[PDB]
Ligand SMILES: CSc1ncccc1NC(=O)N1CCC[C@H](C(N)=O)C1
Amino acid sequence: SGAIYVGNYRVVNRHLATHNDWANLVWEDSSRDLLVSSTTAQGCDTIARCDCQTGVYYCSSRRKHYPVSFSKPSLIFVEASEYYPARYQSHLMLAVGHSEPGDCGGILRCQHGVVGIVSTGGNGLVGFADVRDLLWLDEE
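For the form solved without the ligand, could you give the structure of just this one chain?
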(Lines of atoms letter the chains of each structure in order from A and count residues from 1; the text may use other names and numbers.)
(Lines give C-alpha, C1' and ligand atoms only; values in the text may rest on other atoms or scores of the structure.)
(Ligands and ions follow the chains in the order given, each with its own letter.)
Protein backbone atom coordinates (compact mmCIF):
# COMPACT_ATOMS: atom_id res chain seq x y z
CA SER A 1 0.00 0.00 0.00
CA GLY A 2 0.92 3.66 -0.32
CA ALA A 3 0.11 6.95 -2.03
CA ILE A 4 1.64 10.19 -3.27
CA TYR A 5 0.12 13.37 -1.77
CA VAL A 6 0.84 16.39 -3.97
CA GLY A 7 -1.22 19.58 -3.68
CA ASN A 8 -4.86 18.49 -3.40
CA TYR A 9 -4.21 15.19 -5.26
CA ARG A 10 -3.83 11.63 -3.97
CA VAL A 11 -2.00 9.30 -6.41
CA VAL A 12 -2.58 5.59 -5.82
CA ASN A 13 -2.26 2.34 -7.68
CA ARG A 14 -5.51 2.06 -9.65
CA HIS A 15 -5.96 -1.54 -8.38
CA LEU A 16 -5.84 -0.29 -4.73
CA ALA A 17 -8.16 2.74 -5.23
CA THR A 18 -10.99 2.88 -2.70
CA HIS A 19 -14.66 3.73 -3.22
CA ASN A 20 -13.85 7.22 -1.84
CA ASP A 21 -11.07 7.57 -4.47
CA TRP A 22 -13.52 6.65 -7.30
CA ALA A 23 -16.18 9.02 -5.79
CA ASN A 24 -13.63 11.90 -5.85
CA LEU A 25 -11.94 10.92 -9.14
CA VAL A 26 -9.60 13.31 -10.98
CA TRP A 27 -7.99 10.93 -13.51
CA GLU A 28 -7.37 7.21 -13.97
CA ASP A 29 -5.53 5.01 -16.50
CA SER A 30 -5.73 1.17 -16.25
CA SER A 31 -2.81 0.76 -18.69
CA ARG A 32 -0.60 2.70 -16.19
CA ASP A 33 -2.11 1.21 -12.97
CA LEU A 34 -2.73 4.83 -11.73
CA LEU A 35 -5.64 6.69 -10.24
CA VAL A 36 -5.72 10.24 -8.86
CA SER A 37 -8.43 11.50 -6.47
CA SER A 38 -9.00 14.94 -4.87
CA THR A 39 -7.97 15.64 -1.21
CA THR A 40 -9.18 18.26 1.34
CA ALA A 41 -5.69 18.79 2.97
CA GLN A 42 -2.50 19.68 0.98
CA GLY A 43 0.16 16.94 0.74
CA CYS A 44 3.86 16.82 1.68
CA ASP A 45 5.22 15.40 -1.65
CA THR A 46 7.09 17.08 -4.51
CA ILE A 47 7.01 15.38 -7.92
CA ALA A 48 10.37 14.95 -9.70
CA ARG A 49 10.58 16.66 -13.14
CA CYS A 50 13.62 15.00 -14.68
CA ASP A 51 14.93 11.92 -16.55
CA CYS A 52 16.86 10.42 -13.60
CA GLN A 53 17.50 6.67 -13.80
CA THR A 54 18.81 6.33 -10.26
CA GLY A 55 16.86 6.66 -7.03
CA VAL A 56 15.70 4.92 -3.86
CA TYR A 57 12.46 2.96 -3.35
CA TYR A 58 10.61 1.72 -0.29
CA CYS A 59 10.03 -2.06 -0.04
CA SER A 60 7.35 -2.79 2.62
CA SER A 61 7.98 -6.58 2.44
CA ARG A 62 11.57 -5.85 3.66
CA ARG A 63 10.89 -2.74 5.82
CA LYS A 64 13.78 -1.23 3.82
CA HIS A 65 14.62 1.47 1.32
CA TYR A 66 16.90 0.27 -1.56
CA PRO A 67 19.00 2.36 -3.94
CA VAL A 68 18.26 1.28 -7.55
CA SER A 69 18.97 2.02 -11.16
CA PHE A 70 15.82 1.89 -13.29
CA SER A 71 14.80 1.92 -16.93
CA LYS A 72 13.05 4.90 -18.54
CA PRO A 73 9.25 4.63 -18.59
CA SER A 74 8.16 2.22 -21.39
CA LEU A 75 5.39 -0.12 -22.60
CA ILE A 76 6.30 -3.47 -20.96
CA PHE A 77 4.77 -6.92 -20.83
CA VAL A 78 4.00 -7.85 -17.21
CA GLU A 79 3.33 -11.46 -16.16
CA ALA A 80 0.15 -12.22 -14.18
CA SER A 81 0.09 -11.05 -10.54
CA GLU A 82 -2.47 -11.47 -7.77
CA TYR A 83 -4.15 -8.19 -8.96
CA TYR A 84 -3.84 -8.18 -12.79
CA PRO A 85 -3.67 -10.77 -15.58
CA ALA A 86 -0.60 -10.91 -17.81
CA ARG A 87 -0.78 -7.66 -19.86
CA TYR A 88 1.09 -4.68 -21.34
CA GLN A 89 1.51 -1.88 -18.82
CA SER A 90 2.55 1.63 -20.05
CA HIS A 91 4.79 4.25 -18.40
CA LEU A 92 6.52 1.49 -16.40
CA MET A 93 10.13 1.56 -15.13
CA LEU A 94 11.98 -1.60 -14.08
CA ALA A 95 14.78 -2.15 -11.55
CA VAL A 96 16.42 -5.23 -10.09
CA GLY A 97 14.96 -5.62 -6.65
CA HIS A 98 12.33 -7.23 -4.45
CA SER A 99 8.62 -6.56 -4.97
CA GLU A 100 5.55 -8.49 -3.77
CA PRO A 101 1.93 -7.39 -4.42
CA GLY A 102 1.62 -5.58 -1.06
CA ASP A 103 4.70 -3.48 -1.91
CA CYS A 104 2.59 -1.55 -4.42
CA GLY A 105 2.41 2.14 -3.54
CA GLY A 106 5.96 2.38 -2.13
CA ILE A 107 7.64 5.57 -3.34
CA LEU A 108 10.61 5.69 -5.74
CA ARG A 109 12.44 9.03 -5.27
CA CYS A 110 15.39 10.78 -6.88
CA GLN A 111 17.23 14.00 -6.01
CA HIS A 112 14.29 15.95 -7.59
CA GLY A 113 11.45 14.29 -5.58
CA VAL A 114 8.93 11.52 -6.16
CA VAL A 115 9.46 9.57 -9.45
CA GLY A 116 6.65 7.02 -9.10
CA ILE A 117 5.17 4.18 -7.04
CA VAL A 118 5.75 0.43 -6.98
CA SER A 119 3.30 -1.26 -9.37
CA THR A 120 4.81 -4.63 -10.47
CA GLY A 121 7.05 -7.38 -9.09
CA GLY A 122 8.21 -10.96 -9.54
CA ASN A 123 11.24 -12.61 -11.14
CA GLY A 124 13.64 -10.41 -9.20
CA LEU A 125 12.41 -7.08 -10.68
CA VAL A 126 10.41 -4.23 -9.22
CA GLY A 127 8.32 -2.11 -11.60
CA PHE A 128 7.32 1.52 -10.88
CA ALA A 129 4.49 3.51 -12.40
CA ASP A 130 6.05 6.85 -13.47
CA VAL A 131 4.31 10.11 -12.54
CA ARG A 132 6.97 12.62 -13.74
CA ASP A 133 5.09 13.21 -17.04
CA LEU A 134 1.91 14.22 -15.11
CA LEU A 135 2.73 17.93 -15.03
CA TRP A 136 -0.85 18.91 -14.07
CA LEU A 137 -0.22 17.34 -10.59
CA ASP A 138 1.89 20.49 -9.77
CA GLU A 139 -1.03 23.00 -10.16
CA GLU A 140 -4.80 23.65 -9.78
Second form
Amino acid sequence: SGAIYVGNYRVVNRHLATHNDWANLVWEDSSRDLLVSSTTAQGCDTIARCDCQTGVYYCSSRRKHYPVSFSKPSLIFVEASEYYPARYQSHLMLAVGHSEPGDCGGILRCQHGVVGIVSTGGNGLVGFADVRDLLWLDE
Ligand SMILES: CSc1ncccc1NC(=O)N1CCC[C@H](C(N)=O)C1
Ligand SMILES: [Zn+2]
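The form solved in complex with the ligand, contrasted with the form solved without the ligand above:
Full assembly next; the chain just shown is listed first.
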Protein backbone atom coordinates (compact mmCIF):
# COMPACT_ATOMS: atom_id res chain seq x y z
CA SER A 1 0.00 0.00 0.00
CA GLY A 2 0.89 3.67 -0.35
CA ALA A 3 -0.03 6.94 -2.05
CA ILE A 4 1.48 10.25 -3.24
CA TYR A 5 -0.25 13.37 -1.84
CA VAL A 6 0.45 16.45 -4.00
CA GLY A 7 -1.70 19.57 -3.92
CA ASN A 8 -5.33 18.50 -3.92
CA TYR A 9 -4.54 15.11 -5.50
CA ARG A 10 -3.94 11.57 -4.19
CA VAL A 11 -2.02 9.17 -6.58
CA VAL A 12 -2.45 5.45 -5.92
CA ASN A 13 -2.01 2.11 -7.77
CA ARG A 14 -5.24 1.77 -9.81
CA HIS A 15 -5.59 -1.88 -8.64
CA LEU A 16 -5.58 -0.75 -4.96
CA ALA A 17 -7.90 2.33 -5.37
CA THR A 18 -10.70 2.41 -2.75
CA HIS A 19 -14.46 3.17 -3.19
CA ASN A 20 -13.62 6.73 -2.03
CA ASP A 21 -10.87 7.13 -4.68
CA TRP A 22 -13.33 6.14 -7.43
CA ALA A 23 -16.03 8.50 -6.02
CA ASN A 24 -13.55 11.41 -6.22
CA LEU A 25 -11.92 10.29 -9.52
CA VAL A 26 -9.83 12.83 -11.46
CA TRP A 27 -7.99 10.49 -13.90
CA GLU A 28 -7.19 6.76 -14.27
CA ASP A 29 -5.20 4.65 -16.73
CA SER A 30 -5.41 0.86 -16.57
CA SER A 31 -2.40 0.58 -18.95
CA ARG A 32 -0.25 2.49 -16.38
CA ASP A 33 -1.82 0.99 -13.16
CA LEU A 34 -2.44 4.60 -11.94
CA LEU A 35 -5.47 6.39 -10.48
CA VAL A 36 -5.61 9.96 -9.16
CA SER A 37 -8.42 11.16 -6.90
CA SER A 38 -9.15 14.63 -5.41
CA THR A 39 -8.58 15.50 -1.71
CA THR A 40 -9.86 18.29 0.56
CA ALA A 41 -6.54 18.67 2.47
CA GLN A 42 -3.26 19.95 0.91
CA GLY A 43 -0.78 17.14 0.20
CA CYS A 44 2.66 16.61 1.79
CA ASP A 45 4.69 15.60 -1.38
CA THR A 46 6.67 17.26 -4.36
CA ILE A 47 6.99 15.58 -7.86
CA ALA A 48 10.38 15.27 -9.53
CA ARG A 49 10.61 16.83 -13.07
CA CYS A 50 13.88 15.26 -14.25
CA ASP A 51 15.55 12.36 -16.09
CA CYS A 52 17.16 10.66 -13.04
CA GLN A 53 17.72 6.93 -13.45
CA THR A 54 18.89 6.34 -9.82
CA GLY A 55 16.89 6.82 -6.60
CA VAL A 56 15.69 5.19 -3.40
CA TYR A 57 12.43 3.27 -2.86
CA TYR A 58 10.54 2.19 0.25
CA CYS A 59 10.02 -1.63 0.51
CA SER A 60 7.25 -2.33 3.10
CA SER A 61 7.99 -6.12 3.13
CA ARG A 62 11.43 -5.34 4.56
CA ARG A 63 10.54 -2.03 6.45
CA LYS A 64 13.56 -0.56 4.60
CA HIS A 65 14.59 1.82 1.85
CA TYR A 66 16.86 0.54 -0.94
CA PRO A 67 18.92 2.41 -3.53
CA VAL A 68 18.16 1.43 -7.21
CA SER A 69 19.27 2.03 -10.78
CA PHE A 70 16.10 1.86 -12.96
CA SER A 71 15.29 1.82 -16.69
CA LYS A 72 13.61 4.70 -18.56
CA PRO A 73 9.76 4.60 -18.61
CA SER A 74 8.74 1.98 -21.20
CA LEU A 75 6.07 -0.52 -22.38
CA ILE A 76 6.74 -3.78 -20.52
CA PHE A 77 4.91 -7.10 -20.70
CA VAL A 78 3.29 -7.97 -17.31
CA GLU A 79 1.82 -11.45 -16.78
CA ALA A 80 -1.82 -11.92 -15.69
CA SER A 81 -2.70 -11.40 -12.04
CA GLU A 82 -6.02 -11.37 -10.13
CA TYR A 83 -6.21 -7.61 -11.00
CA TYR A 84 -5.35 -7.55 -14.73
CA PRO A 85 -5.18 -9.82 -17.76
CA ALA A 86 -1.73 -10.40 -19.35
CA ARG A 87 -0.88 -7.06 -21.06
CA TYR A 88 1.73 -4.37 -21.75
CA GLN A 89 1.95 -1.82 -18.94
CA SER A 90 3.20 1.59 -20.18
CA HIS A 91 5.41 4.20 -18.39
CA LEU A 92 6.97 1.40 -16.28
CA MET A 93 10.61 1.47 -15.03
CA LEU A 94 12.38 -1.71 -13.84
CA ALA A 95 15.14 -2.14 -11.34
CA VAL A 96 16.87 -4.99 -9.52
CA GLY A 97 15.42 -5.11 -6.00
CA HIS A 98 13.13 -7.03 -3.67
CA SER A 99 9.35 -6.73 -3.76
CA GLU A 100 6.19 -8.67 -2.81
CA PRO A 101 2.59 -7.81 -3.98
CA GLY A 102 1.81 -5.76 -0.83
CA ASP A 103 4.80 -3.53 -1.66
CA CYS A 104 2.80 -1.67 -4.37
CA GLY A 105 2.45 2.01 -3.49
CA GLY A 106 5.94 2.36 -1.97
CA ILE A 107 7.46 5.63 -3.17
CA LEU A 108 10.58 5.89 -5.41
CA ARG A 109 12.34 9.26 -4.89
CA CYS A 110 15.43 10.96 -6.34
CA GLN A 111 17.10 14.21 -5.12
CA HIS A 112 14.37 16.22 -6.99
CA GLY A 113 11.29 14.61 -5.43
CA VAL A 114 8.85 11.79 -6.07
CA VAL A 115 9.54 9.80 -9.25
CA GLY A 116 6.91 7.06 -9.06
CA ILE A 117 5.37 4.22 -7.06
CA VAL A 118 6.02 0.43 -6.85
CA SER A 119 3.60 -1.27 -9.27
CA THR A 120 5.11 -4.67 -10.36
CA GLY A 121 7.74 -7.20 -9.29
CA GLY A 122 9.08 -10.68 -9.21
CA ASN A 123 12.26 -12.73 -9.04
CA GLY A 124 14.50 -9.96 -7.75
CA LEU A 125 13.02 -7.26 -10.00
CA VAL A 126 10.84 -4.31 -8.98
CA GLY A 127 8.82 -2.09 -11.35
CA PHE A 128 7.75 1.51 -10.70
CA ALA A 129 4.92 3.41 -12.36
CA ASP A 130 6.43 6.78 -13.43
CA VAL A 131 4.53 10.01 -12.54
CA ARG A 132 7.12 12.63 -13.75
CA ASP A 133 5.30 13.23 -17.03
CA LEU A 134 1.99 14.12 -15.27
CA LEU A 135 2.61 17.88 -15.24
CA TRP A 136 -0.95 18.75 -14.23
CA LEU A 137 -0.31 17.21 -10.72
CA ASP A 138 1.52 20.53 -9.81
CA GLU A 139 -1.33 22.81 -10.87
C1 LIG B 1 5.43 -5.38 -6.20
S2 LIG B 1 4.18 -6.32 -7.10
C3 LIG B 1 4.88 -7.94 -7.12
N4 LIG B 1 6.06 -8.13 -6.54
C5 LIG B 1 6.52 -9.40 -6.50
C6 LIG B 1 5.85 -10.49 -7.02
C7 LIG B 1 4.63 -10.28 -7.65
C8 LIG B 1 4.13 -8.98 -7.71
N9 LIG B 1 2.88 -8.68 -8.30
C10 LIG B 1 2.76 -7.99 -9.46
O11 LIG B 1 3.74 -7.68 -10.14
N12 LIG B 1 1.49 -7.70 -9.87
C13 LIG B 1 0.28 -7.90 -9.04
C14 LIG B 1 -0.46 -6.59 -8.80
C15 LIG B 1 -0.70 -5.85 -10.12
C16 LIG B 1 0.62 -5.62 -10.86
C17 LIG B 1 0.42 -4.85 -12.15
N18 LIG B 1 0.88 -3.60 -12.15
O19 LIG B 1 -0.10 -5.38 -13.14
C20 LIG B 1 1.29 -6.98 -11.13
ZN1 LIG C 1 15.66 13.52 -10.25
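Residue numbers count along the first chain shown, from 1. Only residues modelled in both forms are compared. In this text, the rigid core denotes the largest set of C-alpha atoms whose superposition between the two forms falls within 1.5 Å.
Taking 2 Å as the criterion, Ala41 does not count as shifted between the two forms: its C-alpha moves by less than this amount when the rigid core is aligned.
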